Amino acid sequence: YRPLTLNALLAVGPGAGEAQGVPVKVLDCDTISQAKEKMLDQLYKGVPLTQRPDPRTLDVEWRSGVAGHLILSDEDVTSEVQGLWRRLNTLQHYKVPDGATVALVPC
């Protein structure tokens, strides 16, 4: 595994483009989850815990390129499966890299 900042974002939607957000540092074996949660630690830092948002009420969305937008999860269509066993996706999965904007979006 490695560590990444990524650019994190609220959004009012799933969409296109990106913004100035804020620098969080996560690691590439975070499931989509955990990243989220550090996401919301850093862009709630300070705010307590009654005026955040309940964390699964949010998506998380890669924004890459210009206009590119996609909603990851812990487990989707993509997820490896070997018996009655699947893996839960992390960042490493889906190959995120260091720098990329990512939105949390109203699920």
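Residue numbers count along the first chain shown, from 1. Between two forms, the rigid core is defined as the largest C-alpha subset superposing within 1.5 Å. Compared with the form deposited in another entry:
- After superposition on the rigid core, the Cα atom of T50 is displaced by 2 Å or more between the two forms.
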Second form
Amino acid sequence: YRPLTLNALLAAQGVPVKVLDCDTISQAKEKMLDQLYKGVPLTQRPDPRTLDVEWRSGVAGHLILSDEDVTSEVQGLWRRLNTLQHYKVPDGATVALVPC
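Return the form deposited in another entry of this protein as a structure block, the form deposited in one PDB entry having already been given.
Shown below: the chain alone.
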């Protein structure tokens, strides 16, 4: 259970967000929302489902992260929920919440 800190954006300026590398994308997204909306009135906060999680990697472009996609580990009838470690998200990664 390695902790990480994300540089979270709502898409200009990044905010630190404490997460674990074994958090699912859903779990990490909650934690990001908690920091990013802290100063936003209740009535102005979007529904989380209208946002996607976008990892803007340093050197290799942007990627939408989700709990289930073409990358998910499958073994016969079994499937693993995608985590931050699954995607190889490093400590200090810039991650944006973007219109879905």
